[PDB]
Structures are given as structure tokens and as C-alpha cells.
Amino acid sequence: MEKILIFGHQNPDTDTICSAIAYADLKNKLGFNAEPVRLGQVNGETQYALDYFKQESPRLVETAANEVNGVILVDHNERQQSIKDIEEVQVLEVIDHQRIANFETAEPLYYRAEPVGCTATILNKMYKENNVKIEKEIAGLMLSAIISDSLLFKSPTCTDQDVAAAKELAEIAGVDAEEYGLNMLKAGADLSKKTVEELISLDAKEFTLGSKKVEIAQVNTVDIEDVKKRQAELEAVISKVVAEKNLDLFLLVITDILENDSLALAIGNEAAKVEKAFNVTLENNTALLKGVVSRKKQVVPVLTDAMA
Amino acid sequence: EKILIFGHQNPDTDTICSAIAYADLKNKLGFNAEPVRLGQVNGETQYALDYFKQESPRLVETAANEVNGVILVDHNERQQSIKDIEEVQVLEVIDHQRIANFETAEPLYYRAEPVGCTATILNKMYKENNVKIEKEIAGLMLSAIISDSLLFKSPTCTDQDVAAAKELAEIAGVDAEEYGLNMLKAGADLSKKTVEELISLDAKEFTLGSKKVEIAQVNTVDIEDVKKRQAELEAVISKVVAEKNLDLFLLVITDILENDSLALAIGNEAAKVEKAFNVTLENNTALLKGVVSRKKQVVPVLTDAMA
Ligand SMILES: [Fe+3]
Ligand SMILES: [Fe+3]
Ligand SMILES: [Fe+3]
Ligand SMILES: [Fe+3]
Ligand SMILES: [Mg+2]
Ligand SMILES: [Mg+2]
Ligand SMILES: [Mg+2]
Ligand SMILES: [Mg+2]
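Those protein sequence lines, which keep their order, are chains A and B. Here full-length UniProt numbering is used: the first residue of the first sequence is 1, the next is one more, and so on. Here full-length UniProt numbering is used: the first residue of the second sequence is 2, the next is one more, and so on.
Treat each hint with caution, since some may be false.
What the hints assert, rightly or not - With a straight-line cut-off of 25 Å between C-alpha atoms, the simulated DSS-like cross-links for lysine-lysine are:
1) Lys290(B) to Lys276(B)
2) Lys125(A) to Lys125(B)
3) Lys128(A) to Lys128(B)
4) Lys133(B) to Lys128(A)
5) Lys297(B) to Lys3(A)
6) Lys128(A) to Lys125(B)
No lab work stands behind these hints: they were computed from the structure.
Turn these sequences into a full structure, and let the hints guide you.
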């Protein structure tokens, strides 16, 4: 049976790790040959989930073409967020919930994206469509993904489908989703032993907005001041990235997960576009984004319109 | 509120009927959809529409003047779509082509399956939503599958397509083989067609790496009838190659009885057809044994050859 690799985006989050694991499980339970893998380091939030449900981290890879011919993408599509040698392999399927850009195939494929709050919400449907029992631990990881992406059902990307899936997955996993999820989210918001290099990369994604090359990085925190007091050090590593990668904009989005508000730190030639996007005045490279917590819903589309 | 649902430029039976079907499903679910088309209805589609007593969808050139959001069926690439696609939101795509030249600013419902017909996906979606398919609509959907599968003979045809057609022909009340052979024959009637119509009725533009390509297909029961018209075909094809700055125009003339096609290749990259299919062009043509499907047997090998 031909082996495939299943993985999500660089700088993996809980949905990208757990959805890779769950989809590989669903493929293997159906008699196929899948290995879930990851493209970077496991963050504290994901590690809490993996540890709680006694699951291993997926194997770390840098490339796929040395290993297999065919891959499945979960939780992303854009080339520049994917494995570095993505053009050397065939993308067989994509299960996702981001916007689509920078994605092309030579041949028809199974592309399944729904505008829902979490990729694992789609995978939940797929288990059922295929009449495969979701094991307790798998359900736990899928629930983790949903709580992560929805910030415990508070993010505006969260839909009724995500809430229903989480309800099913929590009963199967044997946990209280509120209690568990609060602890899980807090594990990811622990910024104590985090360097600024880590802060600006742990949840970084690159985009091309029109002709403009952009990186948007997000940080979950229980206290914006703890991050903001590192501003000079953050500006230094972000500046290095802006130069190195020839970005028109690096936007760091520092999210208060308790208040659902974010502080923007914008660096690069196109910083003033953030002002247009959000109707704010940047003062010393920062501004308050009231209510903004979702990159896919509240940052990418308005920043696209502003940049163009 | 209002949305428009349509398929590609140079509409085929799947593009017309799937737009009709999905609008019906949306409206039965209480939404507000109208199926539209981006060009002339071909003789095969017209057979289907006439047989199941259904009108042709309204022809449109633009969408942004009418609605804010659209749904694409049976295509995704920008240059295959409505003139002003950049001005509207793509809310959903239901499709079975390769993906290229397609970007959205926000998440969407993107649903592609590598099956033989878009209508096979829609059949599934009616069931998922517990909505009955009306007899006429089932016939249009059946027509789409027969059209795209060349009566289940094309290598794009899967067990799912066959199962959908079986259910649909039963709902519609027709013998699928009998009706299908007649429908297909109506599309292969090249008796009143100009050469301009031959190279355009089932034409699609692609970007193959850095190369600008147009691939047109025609159904025939007699390749010699079309090959008789080579000089005239080369005249109109060359015009297009110049006007659109194409690296290649590939005309695929398909014997639907024998499942073989004749290629007519014009353009600076004509020799890449020779690499793609391991054939030699003699007077711009070569027999492509077994080749009937653009999405599966043409676009991928031609992409490889050209890069
Ligand atoms: Fe993610
Ligand atoms: Fe996600
Ligand atoms: Fe079509
Ligand atoms: Fe089609
Ligand atoms: Mg996430
Ligand atoms: Mg995220
Ligand atoms: Mg077709
Ligand atoms: Mg076709």
C-alpha cells in the first residue's frame, strides 16, 4: 500500500498537529498507509494536549520527496506555508479552512475546505461518513484542535458546527471541554521561557497580498504588557526577518485571549497599510486592535483590501 | 442575499446542468440562487434541455452589477470564469478539475473530488441535505455525467459516477444507454458548424508553467470529417495564437466511438505535444490512442513536457 505523509503548516499549531494525526488515523483505519508528520517544533499548547492524551509527537521532517511521492495537506494550502520541497511531490488531498492562494495542482484532487472554525471539525464529519470509530485519545486531540482554533468557542471563526463537534468529541474523550480547554490554552500562553525569536515565529505565517510579501505572526497572552515591554527586542528580530526575507510588512499580532483584544506591532515599508486596514493610528509602531483575534477572518481580508 | 451560480466559459452540459441543479438545491434549502451561463449552449446540452423540458439559464457577461457573491461549478481558474470574477466574492466552488489561478481573500466552501462529473458531487449533496431530486433535474444531472464520462467510457469515470447515473436515470425515467447515445450524437453533429465554432465550443485556456496555452476539444463520430477542414482550422487557430499570445493551441478531435483523438497543434511549443504523448507530428497532427480526457490525459502530461 503506497505510503503518504500528512502534515499541516510550518510553525505548527494544535490543529495542524492533531488534524495530521487524526487524518492519518482515519486513513490507516480504512486500510491505507499514512504517517502524520510535522514541519517544526511542537508548542506548549500542543504538548499539553499530546501529554494529556498520551500521544506522541509526529516525526519532524524538512522534506517529503526523499520519502514519498504523494502527500496530504491539513490546515493549509499556500506553497510558502507548506513543506519546502512541496513542488516535488503530488498533493493528493487538502483538508482545510483558510483562504486559498498560491496553490496549484497538475491534476484533479480531493480538495475539502469549509469556512468553519477548525480543520478537525471537518475531520469529525469524515470519520462518520466513513463509519470509523473515533478512539478516546484521538477525540481528545480533535477537541484540543477545536478549542485551540476557537479560543474556547470565543473566536468569531467558531460556528455551530464547531461547537457540536467539540461536544461530541469531549464526551468521547471523557473530559469537560471548559476545564480541560482552559488549562490547555493557558499552557500555550506561558511566555516565560520564550525568546523573542520564538515569539515572532511560533505562530508565524507568510502571505503574498497582491504584489506585497507579508509575514503575520500571532502570540496568545494573558497580559499584553508582558509582551509589549520587550518591544525593542521584538523590533530587532522582526527587522532582521523583514530584511532577510524582503518583506513589505511584518505584522505581529499580540492577542489577549482573556479580553479578545490584540496589539499590533507593524514593521516594514507598508506599515501604514495596517492603519488603513484597521482604522487605527500606529504610534511607535503599535496600535490597539479592539475585538481582533482571528487572522483568517479579521486580519488577512481587510489587510488585502488595504494593501491593494 | 441573491447569488449567481455558473460554470466555465464555453459551457458544456456539466457546466449548464450543474449550475441548474445546485441552484435548485440552494433554493429548496431556502436560499436565493439563480443559475446562469457565460456563453452559447451547444447542441448536446440543448438536446438535454429539450428532452427534460427545461430552459437555458440566463446568459450573463458580468456578475458584480447584479450580486456580491457567486458559486462556481465545474471550474475554478480565473481565466475560465466570468469576465469580472475579481469583483465578486467566490462563496463556494464545487468542481472536479485541477486547481490553478484561484485565490480568495477569505475562507470558503471549496469542494473538489477527482470524480468523473461535477453532478456526481451534487447528487451526494442532495442526499446530505435530505432534498429530493425532481425527475427533470435528475435527467439534467444524468446528462452531465454521460457528457463528461462519454457514456462511462472516459478514464475519469469512477464507480461513484456510475452509481450516481444509475440512481439518476431511475429517478428521470430513462434508459441511460439509449438516451445517452442519442444525447452524445447530438453534440457530435458537426454538420452546421463553422471552424470558428469548432475551435471555441469546448475551448479552455491554461497557464502551463510560464507557457500560455489554449486546448479545445470536439466530439466526432468521424475524425476524417474534421480533418478535411484542416486548412480552415489552421487559419482560425493561428489567428487566436497571435491575438492571445499563445505558446500553443492544441485542438483535440475526439472519436467518441473509438476513444482515440487526433491532435492538431499550432504554436511555438507544438513539439511539446510530441514529448507529452510520445508521438510524431506530421503536418501538425498526430493520433493520440486512448486519449479522450483533457483533465486527466492532456493537462498533466502536457504540463510535464512543457516545464
Ligand atoms: Fe493552524
Ligand atoms: Fe486551523
Ligand atoms: Fe465542464
Ligand atoms: Fe465537468
Ligand atoms: Mg490554529
Ligand atoms: Mg491560528
Ligand atoms: Mg464536460
Ligand atoms: Mg470536457
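*Mind listing which of the numbered hints don't hold for this structure, in increasing order?*
Hint check: nothing fails, all pass.
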